[PDB]
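Note that one protein chain of the assembly has been removed; the remaining protein chains are unaltered in position.
So that you can tell them apart, the chains are marked A, B, C, D and E in the order they are listed, and the count of residues begins at 1 in each.
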Amino acid sequence: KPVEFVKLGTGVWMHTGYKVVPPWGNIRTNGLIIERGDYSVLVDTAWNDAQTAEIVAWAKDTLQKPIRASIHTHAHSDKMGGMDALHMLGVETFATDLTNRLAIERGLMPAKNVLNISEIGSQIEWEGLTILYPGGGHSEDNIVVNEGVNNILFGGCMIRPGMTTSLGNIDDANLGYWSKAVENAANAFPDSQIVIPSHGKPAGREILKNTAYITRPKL
Amino acid sequence: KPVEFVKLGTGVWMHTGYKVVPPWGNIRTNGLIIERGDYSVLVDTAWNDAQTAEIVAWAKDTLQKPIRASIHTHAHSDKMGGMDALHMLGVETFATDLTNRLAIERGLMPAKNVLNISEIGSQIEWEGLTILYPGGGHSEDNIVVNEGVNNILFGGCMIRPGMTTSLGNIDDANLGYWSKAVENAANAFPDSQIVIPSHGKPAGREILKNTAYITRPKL
Amino acid sequence: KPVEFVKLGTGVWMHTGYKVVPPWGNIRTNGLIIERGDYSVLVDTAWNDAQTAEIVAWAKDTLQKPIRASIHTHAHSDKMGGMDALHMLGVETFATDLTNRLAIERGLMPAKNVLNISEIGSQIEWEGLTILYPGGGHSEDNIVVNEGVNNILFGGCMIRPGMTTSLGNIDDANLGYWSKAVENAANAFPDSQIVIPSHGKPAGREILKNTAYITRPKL
Amino acid sequence: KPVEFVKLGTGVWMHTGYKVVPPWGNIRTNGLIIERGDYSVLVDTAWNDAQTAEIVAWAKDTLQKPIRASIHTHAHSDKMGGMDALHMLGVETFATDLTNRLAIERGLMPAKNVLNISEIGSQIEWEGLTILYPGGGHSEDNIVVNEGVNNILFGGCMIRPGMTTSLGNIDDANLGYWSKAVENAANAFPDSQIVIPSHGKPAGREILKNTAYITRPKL
Amino acid sequence: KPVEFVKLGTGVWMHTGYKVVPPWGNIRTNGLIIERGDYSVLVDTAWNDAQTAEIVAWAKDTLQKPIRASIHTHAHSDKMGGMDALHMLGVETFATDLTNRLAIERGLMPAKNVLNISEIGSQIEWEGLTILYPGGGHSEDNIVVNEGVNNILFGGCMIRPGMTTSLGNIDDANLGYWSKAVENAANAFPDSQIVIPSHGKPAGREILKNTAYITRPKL
Partner (left out) sequence: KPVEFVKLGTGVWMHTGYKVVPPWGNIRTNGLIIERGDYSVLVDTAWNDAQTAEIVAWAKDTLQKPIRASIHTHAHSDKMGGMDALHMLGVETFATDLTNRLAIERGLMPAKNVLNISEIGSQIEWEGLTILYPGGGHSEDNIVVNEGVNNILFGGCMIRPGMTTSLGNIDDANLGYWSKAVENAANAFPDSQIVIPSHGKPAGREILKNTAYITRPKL
């Protein structure tokens, strides 16, 4: 399926790309485009360079706000699969040091610059966004991004879609800490009523609660 | 979020109030307003006195059928949090003896009058409603209320919303008997195709079946 | 509830019949009508002879393409409950040899003719449909049917509806192999984006993935 | 394997009989012989009439205290499989009314006399033993027997052996209440340090705790 | 820990070797030496060539019945880790064709000769032993070996030790079929009261039953 753009709020757009992975077939991955004054910033690549180049072109030609910089929410190919495209298209890329290290271990290109959030609960302000490291969950390095004007929380792959009980790709997950990481994000951003998972539809805070439940160690 | 009213059938309305509870945020609670000839009856308060007073005012001014009496489906603050408002507004309140006893233990005000349904499976007719005690489930005292004109079954908190697998607040639950209590209610009221949970959207009998499954002891 | 017809694609219709089964009440069962040149073929009966006769009549009078033959996807009464009606109405019925044997053991009438797909993974072409035996799942004999013009995969009862975690009627299930059988079907028919379960709404490939997850042996 | 006798305390003996049940093979069942002044009483038959007759003969010839009466701890064939032998050998048999009713439903002979313990928690003194009905567990009618001189608690099949996590034959079990029934027995007889399960070795109170854990509804 | 020999029955000995595997440390692996007229046969190597050579030497010097041939119960290094030693010491090695193929895939040396048991339930007589392929379990190729004079069933790694609930190394397991494979072995060899797991102490049929329970798909 081709690459789709949907408006989530004032100056906040979701990009969605698809990849066919047998046996189940097409799987979506979502990220964001965030408008700033006369440029935009990007949260996550799509699956590959071609899809990522389509996102850059859309921001330049449709929003008229070319992508200047990007952040990447963990070291997997749905979030960093299009790094060569971003680099060739002049986008200045950012990730945590741990994400960059895991990217190299996993055969992905690291970002060009470092987000200094290494402790659990650490937050910074980057291009009008709040970036939090809530601890390991879907991947040890996963970060979340909050946009405080529209109160949109981008949970990425740490937040599971809808009412699923499937945990998704758990190859790199911290099964012990994931539910606490979700609680940490939910407590850090109480005003965000719109929550974006990477692999499903935009939703509300019910997907925070559901994710924390389905990934929580039980008695 | 403010207090909402939705029509479910002839003379049957749902009231919904919200409370912000970290980490997950707003949580709805639902109850009913049931029209009678020139007055109405209430199933459950909302979370607090202010929301409950808004329900009384709506019945008086919008339906023109002031609330005369109420029933309360178990001793938690989403169902009995607005008792002082009901009492001050002249509403005559009813609950089972067990609910009244648990209300006192839990720091809530008991109802002024007793519903005589203490045995499992016992039912009475109260203001045109059938009230059943199906046994302990979400709380040991939980009762259910059936409105037989429109065939609406109010399951309250004993029925979980939608397709969730979360059990909600289980602090006071009877985990051994809950699925049997749901079966008891479903068998008692086969004609009710509309089922109302306290913490989600109106639905059909699929939420009876799903609740019984997700709360059933497994092998 | 009465018997319903819904168009799924060019020349492909879903039939749905209901049965009241306490405690939960009405349960739907779905099958298909597949148009051919001047006749049609049927996938599955409804619950009983009366509902099945209504399907035959609809194909004759509304589609003007009378049902000539049928296939049955496993030996339970939602799929073979209307065999006497089909036989009396001149429909030539087909099932696997294992389905016919299990039908007799279960008190159902067997089909008049045999589908030769006894090995796991075996497929045949029957009236423009691909019929696959993917191995035991909901029932040891369950088969799936793919319509390759519209790319519709009829999973029958081997595919669970929506986002449920309930396994349905497991009296005859192969709990060890069911998730592999679902994977086998999904790998055999990658182009089918429309998936039909017997007991829920038409959906996409997400119900293949969800079924395989909820029925998969866990660690 | 043949029928075995082991001394558990002053005047208290365990009888053990075996039955070959494929696939796993021999399975033991245990009961007790309790000496009184110049006669004895029996707790449970063995699997069949021949084994039960061997127990009667042993009490008469070895203890010199012929069995006068018996109690039966629930309606399954390991506990009531030898009723014809007891009746022919002049033993006066006792069970609860519920056990007698379930015996008839299950194709076993009922006892000749009734133990009046129908409410949960009800206890009586019978031939120097305390008999408690703790509620449904392995079977809805299961009772337990405490011998207060030696402080031996006969849990029968309601108590699982050793450190197993298997629940045994659950065809007739009350999965919701079983762990509470075990707690009820443990609270009723705090001084009993010797605990006898039907299907394993004599042990201590650790098998009460383990049984309650492995059969307890979990979150 | 060094290599140990223990007599299990007339002409049947267990060999046990140890390997230190962090974090848990020493892990035993067991196999058998089976005496024949003036030679012996071997079931499984130990972990490595040195331990396996010690087994060959013990049979030659202590039993005075040199090992002529061997069978290997699946393709893992505890069972086939000492193949070079056996081959150099003149032992003629046998395994199923599937075991030989999986050995090559897993970096182990295959056996020199083939055991023709490829269908589930197939059995052959080899050097007075019955060898059964019961279907996939701990590994897809696992076979079991029964010695009918002493009625000793060697379950190898398909049978878990004692009362554990741990499944051991499941990297290559068939989680769907394992409990059925255990049932198949138990039904094939009802007279064997001594059961040998690879990674624990000799035991009785209770470890067949426990293994089947702990590895069985649950509802």
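Everything below uses one rule, namely that contacts are C-beta pairs under 8 Å (C-beta built on N, C-alpha and C of every residue); 3 or more make two chains touch, one makes a residue touch a chain.
Enquirer: For the full complex, which residue in D:109, D:163 or D:167 touches the chain that was left out?
Expert: D:163
Enquirer: Please pick, from A:13, A:154 or A:177, the residue that touches the omitted chain in the full complex.
Expert: A:177
Enquirer: Just checking the interface: what residues of subunit E touch the absent partner chain?
Expert: Within subunit E, the residues that touch the unshown chain are 20, 22-26, 162-166.
Enquirer: Take the complete complex as the reference. Which residues in subunit D touch the chain that isn't displayed?
Expert: 163, 165, 183, 186-187, 190, 193, 205-206, 208-210, 213-214
Enquirer: Where does subunit C touch the missing chain, residue by residue?
Expert: Subunit C touches the chain not shown through residues 218-219.
The rule is simple: only the chains that are shown with their structure count from here on.
Enquirer: Counting C-beta pairs in contact, does A-D beat A-B or the other way around?
Expert: Pair with the higher count of C-beta contacts: A-B.
Enquirer: More than half of A-C's contact pairs recur, by residue number, in one of B-C, B-E or C-E. Which one?
Expert: From the options B-C, B-E or C-E, the copy of A-C is B-C.
Enquirer: Distance between subunit A and subunit E based on Cα centroids, please, to the nearest Å.
Expert: One centre to the other, that is 49 Å.
Enquirer: Send over the residues of subunit E in touch with two or more other chains.
Expert: 219
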